[PDB]
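Before any questions on binding or motion, here is one chain by itself as C-alpha cells, the form solved without the named molecule.
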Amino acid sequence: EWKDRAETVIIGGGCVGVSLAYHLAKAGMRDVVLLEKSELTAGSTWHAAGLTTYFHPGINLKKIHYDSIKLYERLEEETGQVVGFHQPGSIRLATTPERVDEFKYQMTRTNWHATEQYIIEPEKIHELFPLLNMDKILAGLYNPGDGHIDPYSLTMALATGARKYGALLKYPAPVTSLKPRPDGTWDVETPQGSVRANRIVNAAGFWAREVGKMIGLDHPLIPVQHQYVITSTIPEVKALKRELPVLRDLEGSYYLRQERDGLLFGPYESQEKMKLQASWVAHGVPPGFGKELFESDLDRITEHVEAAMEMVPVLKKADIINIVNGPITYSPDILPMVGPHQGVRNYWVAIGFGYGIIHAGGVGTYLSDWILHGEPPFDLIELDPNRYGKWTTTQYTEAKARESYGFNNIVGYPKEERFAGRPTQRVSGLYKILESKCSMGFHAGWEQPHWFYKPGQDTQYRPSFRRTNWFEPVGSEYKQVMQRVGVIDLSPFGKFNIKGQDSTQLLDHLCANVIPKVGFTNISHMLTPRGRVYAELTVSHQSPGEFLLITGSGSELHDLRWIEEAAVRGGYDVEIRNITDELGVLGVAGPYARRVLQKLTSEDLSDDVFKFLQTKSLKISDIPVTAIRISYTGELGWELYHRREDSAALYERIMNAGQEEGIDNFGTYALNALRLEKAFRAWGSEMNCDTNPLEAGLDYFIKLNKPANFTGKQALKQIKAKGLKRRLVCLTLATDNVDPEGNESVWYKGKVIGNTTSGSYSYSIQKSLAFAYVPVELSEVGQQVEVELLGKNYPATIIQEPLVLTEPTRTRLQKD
C-alpha cells in the first residue's frame, strides 16, 4: 500500500497533522496521505499534559478551542475508540483586584461568543476545588465542560477516523526532499518512495524549521523546554468522588490538574530562567531524538513549586513521582503559523504550536475548510504564517520566544506593549530621531509612534484596563491635527508595485471598486469568492499600466499572497514587486498642511491644481516623493511616499518649514481617534473574512455594475437581494474612566445582541465612540443599547455617521 500520487501530503503525524488528515478525508478529499518520520505522536504530542480549555484571551481563537472540544466529545462514538477526555471544568484564579478586572475584560469579550464562561465567587471555587487555599482568592474565571485529554488516545482515535474516511498514514516514512514543479505541484521523497502531491502541508513539530529549509524558507521557530511535576497518591484527593477541575494559578504562574489520585502541575517560570534549544536552531534537531525527554531541573522552577505548595496545602506533604521536561515548538508571539505560505505554490503550514493539543481539532477543520474552499471559514490573520518576514531573525525569534514563555500568565492589559528583541532591523533613520520623543509601537517588525511625550507628563509604559498616561497627549494630538498640522510616520504600510500588460485586468478582477484612471487613487477591496472582505487597499494608478497598492501593516504578505495567487491562477501577465521595505511614508494633515508643504516644493499644491485623491510625482526640498492627496485623518493632507533612507531628511525639512504654523507630531492612537470621527472603517476591525462589505457599510466602494466579473460580485448580489441580517453602526456613550476599544458585548433588554469592533474617546464631543455590529431591527439612528465595559453596562445611542465630515466634504459644501 503506497501511493505515488496524492492530492495532499501531510508531513508529520503529531496531533496536528493527524487531525488535519482526518478532517480532509472526512470532508471527502481523495488520496490524502500523511508521512510520519517514525511513529504517530513521536514529537511533542506524546509527552503533553493534555490540558484542553475553552478559555482563550484573543477572539476567534475561541472558535478553535470550541471546535476542538466539541470534536473531542464526539470521537469515541464516532470511531469506536476511547479518548480519555476528562471534563471537570477549568478555573483561572484571581488573587488581586487588577486580576479581577482582567476577568471582566475577558467576560465582555466572551459574552458574544457561544463559548460558555463565567466569573465565579470564592464559595463556589471552594465547592469545586475543596483543597484550595481560599486566603487570597477573590474570584475565579470558570469554563465548565472542559478539562484535559490523553494526547496519545486522542491522536490514535483521530487516526482511525482518518483511515476510516480514506486517508493513508505511512510510517516510518520520513520526508527527505521536496521539489516544486512548474505546474505548482510537488515531488516528495521518502525511503519508501516518491509522492507527487498537488499540495504539501508542514506539520512537523520542532522539525518544522528543517522541513521549511528543504524548500528555501526560514520558519521563525525555536523549540523551548517545558516541565510539569506529577505527584504520588494523595489521601484527600483519592477520598473525593468527583474529579477536581483544572486550575491556573496566575500569580504563581502554573497550571494544575488532577492526575489519577494525585496532582500534576506545570510552571511557566521567568523569561530569565526558562531554557530553549538554540543549539537545535543553529545545527538542527539531533537525529534519533524521538519519543524522548530532557533531563529534569526542579531547581529552576522552585519559586513556582512553592507558590503551588501554599495554594494547595496538600502538595506540602506529597512526594514527586515524576517530572516531564520536553520541547514545544514556539513562534515569537506564542501563536502558531496556520495557512498557505506566501511566495511559493501550494505549500501550507500548521506549525509552531504552544498549545497543539487544544488547537489540533479546530485547526484541522479550519485548514481543511481553507484548503477545499480557497478561503478561510473565519478570520485568523493573527495566525497567518506570513505575519513574519526577513526581520524575524533567529536572534529576534530566540528572544521573543523566551519572553512569550515567561509572560504566559502575566496580566494581559489592553494595548499591551512588549520590548524584547526590539528594535528589529526594520526601521528608518526616523527611529533614531523620534524614539526618545514618543512611545514606539511594534507592528510586524516596525517601530511606529503610538503617542508623543508631553513636557510635565509621565512618559513610561503604564498599562491599564482604564484610561492611562496617553489619554491627555492623545487629545492634544487630536487638537493638533484639527487646528494646525500634524506629521505622522505611516511607513509600516504594505506597498506593492504592479505593472505588465494585464495589470489593469488583474486588479479589475481582484477588487470590487473601479480601477482608477492614471493620476488618481481610490480605496478598493479584495473580496473572497463568498463575498468576505479579504483586504482593503488604496490603489494608485501612477503611469498608464502601472500601480501602487497600499495596505495595513498586519496585512502585507497576506494580501500579497492572495494577489500573487490570482495572477498565477488566471495566467495574468504581470510583474508584482513588494516594495514595502524600500519606502517610507509620511502623512501631513490638518488645515495648515498645504501652507506648510507649499513652502517646500515648486509643485503647485492649490485646491485649484491638486485635487483630493490625485497622485503626482514631485520633489520636496530636492527629495523625490510621490504625493497623494489623502489622509485617514479625513482632514486636509497628503501622504508622501519616498525612499527609506530619505525619511529623516524629509521629516527634518517638513518640521522646520512648519515652525510658524506650530507643526507637531502625531501617532496612531490619535489617528484612530480621528478616523473613527469620520466613520472610516479599518480592515481587521470593522471588516475582514468574517464580514461582507455591505453589512460593514462599504457600499460606496463596491461597484456591482462594473463590467468585469470580480471575485465575489455574484455572492454579493445574492446577499444584497436576500437582505441584510445585521449592520455596522456608530455608537456614542458617556463613561467615567474607560473607553471601548472593540470586541465588547452589546446588550439590549437583558440579552447580548452583538459586539463592538473598535472604539475611542471622541475629544470633540466629550464622549466615547464605538463601531458595533447589531441586528438590523436595532440599527436606527437614535436606538438605545448597553455596552459592557469592564463589568459595567453603559448606555449607548446609535448616531448618524459620520460624526464629523471629511475636509473634502466640508470644502465642497462651502461652494454650495
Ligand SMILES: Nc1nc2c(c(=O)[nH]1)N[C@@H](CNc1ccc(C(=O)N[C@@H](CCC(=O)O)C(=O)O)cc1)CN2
Given for the second form:
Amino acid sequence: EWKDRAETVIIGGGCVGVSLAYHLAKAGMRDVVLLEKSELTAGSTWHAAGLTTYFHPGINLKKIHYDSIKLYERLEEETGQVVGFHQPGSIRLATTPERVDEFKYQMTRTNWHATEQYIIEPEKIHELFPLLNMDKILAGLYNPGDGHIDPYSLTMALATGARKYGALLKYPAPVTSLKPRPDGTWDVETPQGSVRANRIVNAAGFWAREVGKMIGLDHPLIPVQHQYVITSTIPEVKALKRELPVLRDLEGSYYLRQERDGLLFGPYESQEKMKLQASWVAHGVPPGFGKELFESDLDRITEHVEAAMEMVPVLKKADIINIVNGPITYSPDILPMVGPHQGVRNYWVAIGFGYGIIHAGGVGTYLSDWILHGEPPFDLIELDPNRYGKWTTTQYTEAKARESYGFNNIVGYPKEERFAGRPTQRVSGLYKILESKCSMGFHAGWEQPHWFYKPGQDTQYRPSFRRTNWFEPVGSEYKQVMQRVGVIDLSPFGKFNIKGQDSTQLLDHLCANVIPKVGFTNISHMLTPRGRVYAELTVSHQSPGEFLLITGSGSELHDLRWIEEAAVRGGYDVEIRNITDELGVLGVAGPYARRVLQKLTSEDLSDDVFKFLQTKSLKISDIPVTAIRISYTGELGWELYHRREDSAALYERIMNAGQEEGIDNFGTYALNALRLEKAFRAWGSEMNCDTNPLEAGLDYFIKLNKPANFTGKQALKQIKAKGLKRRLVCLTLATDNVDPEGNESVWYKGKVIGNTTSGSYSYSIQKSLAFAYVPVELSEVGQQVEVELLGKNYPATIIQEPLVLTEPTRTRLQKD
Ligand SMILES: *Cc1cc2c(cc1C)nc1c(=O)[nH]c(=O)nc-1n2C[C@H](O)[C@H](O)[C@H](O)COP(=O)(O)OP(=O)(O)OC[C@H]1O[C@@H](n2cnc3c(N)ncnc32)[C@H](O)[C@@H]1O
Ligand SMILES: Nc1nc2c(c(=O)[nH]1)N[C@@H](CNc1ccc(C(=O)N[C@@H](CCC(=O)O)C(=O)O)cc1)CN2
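Would you generate the structure of this protein in the form solved in complex with the named molecule, following the form solved without the named molecule above?
All chains and molecules follow, beginning with the one already shown.
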C-alpha cells in the first residue's frame, strides 16, 4: 500500500497530525496521506501528562478546547476503541485577592461562551478535593466535565477513525526532501517512495523547524524541557471512591492530578531556572532521538515541590515512583502556529504546541475546515503562522520561550506587558529618542508608544484589573489631540505596494469598496467568500495603476498571504511588494496640525488645495514624504509616510516647528480613546472572520452595486435579504474605577445576550465607552443593558453614534 499521488500530505504522526488526518478524511477528502518518521506518538505526544481542560485565558481558543473535549467524549463510541478519558473536572486555585480578581476577569470573558465555567467557594473546593490544605484558599475557578486523557490511546483512536474514513497512515516513512512545483503542488521524498501532493502540512513536533528548512523557511520554534513527578500509592487517595479533580496551584506554579491511587504534578519553574534545547536549534534534533526522555532534575523544581507538599499535605509522606523530563515545541508567545504559510504555495503548518493534547482535536477540525473551505471557520489570528517574521530571530525565540515557560501561571492582567527579547531589531532611530519618554508596547516586534510619561507621576509598569498609572496621562493626551496637536508613531502598519497591468482589477475583486481614483485614499475591506471581514485596509491610489495598501501591525503577513493567493489564483499580472519595514509613519493630528505642518513644506496644506483623504508626495523640511490627509483620531490630521532612517530627523523637525502650539506626543491608548468617540471600528475587535461587515456597521464602505464581482458580494446580498440577527452598538456606562476593554459579557434581564468587543474611558463625557454585539431587537438607541466588569454588573445605555463627529463631518456642517 503506497500512494504516489495524494490530495494532502501530513508530515508527522503526533496527536496533532493524526487528529487532522482524521478530520479531513471524515469530512470527505480523498487520498489523505500521513507520513510519520518512526511510529505514531514517537515525539512529545507519548510522554505527556494528558491534561485536557476547558479553561483558556484567551477567547476563541476556548472553542479549540471545547471542540477537543467534545470530540474526545465521542471517540470511544465512534471508533470502537477506548481512550481512557478521565473527567473529574478541573479547578484553578486562588490564594490571594488579586487572584480572585483574575477569576472575575476570566468569568466575564467566559459567560458569553458555551464553555461551562464557575467560581466556587472553599466549602465546595474542599468537597471535591478533600485532601487540599484550605488555610489560604479563597476561591476556585471550576470547569466541570474535563480532566485528562491517555495521549497514546487518544492518538490510536484518532488513527483508526482516520483509516476508517479513507486516510492512509505510513510509517516508518520519514520525509527527507520537499520540492515545490510550478503549478503549486509538491513532490515529497521518503525512503518508501515519492508522493506528489496538492498540498503539504507540517505537523512534525520539535522537528518542525527542520522540516520548515527543507523549503527555505525558518520557523521560530525551540524545544523546551518540562517535568512532572509521579507519586506512589497514597492510602488517603486509594480510600476515595471518586477521582480527584485536576488542580492548578497558581502561586506555587504547578498542575496536579490523580494518577492511579497516587498523584502527578508538574511545575512551571522560573524563567531563570527552566531549561531548553538551544543545541537542537543550532545543530538540529539528534537523530535516533525518539521514544525517549532527558535525565531528571528535581533540584531545579524543588521550590515548587515544597509548595505542593504544603498545599497537598499527603505528598509530604508519599514516595516518588517516577519523574518525566521531556521536550515541548514552543513558539515565542507559547501559542502554536496553525494555518497556511505566507510566501509559498499550499504549505500549511500545525506546529509549536505547548498544549498539544488539549488542542489536537479542535485544531484538526479547524484546519480541516480552512483547507476545505478556503477560509477559517472562526478567527484564530492569535495562532497565525505569519504573526512572526525576520525579526523573530533564534535569540529572540530562545529568550521569549524561556519567559513564556516561567510565566505559565502568573497573574494575567489586561494590557499585560512582557520585556524579554526586547527591543528586537525592528525599530527606527525614533526608538532611542522616545523610549525614556514613554511606555513602549510590543507589536509583532515593533516598539510602539502606548502612553507618555508626565512629570511628577509614576512611570513604572503597574498592571491592574482596574485603572492604573496611565489613566490620567491618557486623559492629557486625549486633550492634547482635541485642543492642540499630537504626534504619534504609527510605523508598525503593514504596508504593501501593488502595481502592474492588473493592479486595479485585482483590488476591485479583493475589496468591497470602490477602488479610489488616483490621488485619493479610501477605507476598504477584504471579505471571505462567506462574507466575513478578513481584513480592513486603506487603499491609496498614488500613481495610475499603482497602490499603497495599509493594514494593522497584527494583520501584516496575514493580509499579504490572502492578497498573494488571489493574485496567483486569478492569474493576475501584478507586482506585489511588502514595504512594511522600509517605511515609517507619523500621525500629526488635532486642530493645529495644519498650522504646524505648513511651516515645514512649500506644499499648500490649506483646506482649499488639500482635501480630506487625498494623498500627495511632498517634502517636509527636505525629507521626502507621502502625505495622506487622514487620521484614525477623527480630528484634522495627516499621516506622513517616509523612509525608516528619516523617522528621527522628521520627528525632531515636527516637534520643533510646533513649539508655539504646545505640540506633544500621544500613544495608542489615547488613540483608542479617540477613535472610539468617533465610532471607528477596529479590525480584530469589532470585526474579523467571525463577523460580516453589515452586522458590524460598515455599510458605508461596502458597495454591493459596483459591477465587479468582489469576494463575498453574493454572500452579503443573501445575508442582507435574510435580515440581521445582531448588530454592533455603542454603549455608555458609569463606573467606579474600571473601564471595559472588550470581551466582557453583556446581560439583560438575568441572561447573557452578547459581549463587548472593545472599550475605553471617554474623558469628554466622564463615562466609559464600549462597542458591543447585541441582538437586533435590543439594539435600539436608549436600550438599557448591563455590562459585567470584574464581578459587578454596571448598567449601560445604547447611544446614537458617533458620540463625537469627525473634523471633516464637523467642517461640512459649517457651510450647511
Ligand atoms: C514533555 C511534556 C509535554 C506535555 C506534558 C508533559 C510533559 C512532560 N503535558 C501536557 C499536557 O498535560 N497537556 C497537553 O496538552 N500537552 C502536554 N505536553 C505537550 C504535548 O506532549 C505536545 O504539545 C504534543 O505532543 C505535540 O504534539 P505534535 O503532534 O504537535 O508533535 P509530536 O507529538 O512531537 O509529533 C511529531 C511527530 O512528527 C514526526 N516527524 C518528525 N520529523 C518528521 C519527518 N521529517 N517526516 C515525517 N514525520 C516526522 C515525529 O516522529 C513525531 O512522531
Ligand atoms: N492609512 C491608514 N490605514 C489604516 C488605518 C489608519 O489609521 N491609517 N487604520 C486601520 C483602521 N481603519 C480605518 C477606518 C476608518 C478610518 C477613517 O478615517 N474613517 C473616516 C473617513 C471615512 C470616509 O468617509 O471615507 C470616517 O469618518 O468614517 C481610518 C482608518 C486600517 N488601515
